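Following the hints, position chain C against chain D.
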Amino acid sequence: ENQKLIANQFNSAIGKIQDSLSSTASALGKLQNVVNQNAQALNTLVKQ
Amino acid sequence: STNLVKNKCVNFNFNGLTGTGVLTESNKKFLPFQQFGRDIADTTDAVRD
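So the sequences go chain by chain: D and C. Quick note on the authors' numbering: the first sequence kicks off at 918 and runs consecutively. Quick note on the authors' numbering: the second sequence kicks off at 530 and runs consecutively.
Errors might be hidden in some of the hints.
As the list claims (entries may be wrong) - Listed next, the in silico DSSO-like pairs over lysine-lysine satisfying Cα-Cα at most 27 Å (straight line):
(1) D:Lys-964 to C:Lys-557
(2) C:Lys-558 to C:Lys-537
(3) C:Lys-535 to C:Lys-558
(4) C:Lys-558 to D:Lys-964
No lab work stands behind these hints: they were computed from the structure.
Bound conformation, chain C alone:
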């Protein structure tokens, strides 16, 4: 694994989530038994570390 970086285009390689984007701090809240979030179009816009 690697450390987290902000405001930089980096690849995302999680357990079952792949992609490329920019990770920024946010204010959303997740339920205890959740891993990653989506938008209406099944596109991720927020995840838990």
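Excised from the complex, chain D in its bound form:
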């Protein structure tokens, strides 16, 4: 009945995610802070 509708649902959710990432800076936060808590891990290491 609705292969097209379910596909549109999945891709529309995908597009909402795309808008969230292109807008929300904290959307990937859990890598970002991990990158950051790695970054000033090294940065503290050089500040040290």
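Here is chain C on its own, set in the frame of chain D:
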């Protein structure tokens, strides 16, 4: 003082800057009243002759 060399690991002994590295030509621009540049982690990555 000594002349400048490129693509060779040499010591750096400036007025107040010490280190060892490789000096290559670059495209950055500095303000008239500046001496040396830094990166985010207070590590030099470009200087004026």
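Against the structure, the hints:
Straight-line distance between C-alpha atoms of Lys-964 of chain D and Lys-557 of chain C comes to about 25 Å, which keeps the hinted pair within the 27 Å bound. With a C-alpha separation of about 23 Å, the suggested pair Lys-558 of chain C and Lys-537 of chain C falls inside the 27 Å cut-off, and the hint holds. With a C-alpha separation of about 19 Å, the suggested pairing of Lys-535 of chain C with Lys-558 of chain C holds against the 27 Å cut-off. Taking the CA atoms of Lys-558 of chain C and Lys-964 of chain D, the gap is near 26 Å; set against the 27 Å cutoff, the hint holds.
In terms of the numbered hints stated before, the structure departs from none.
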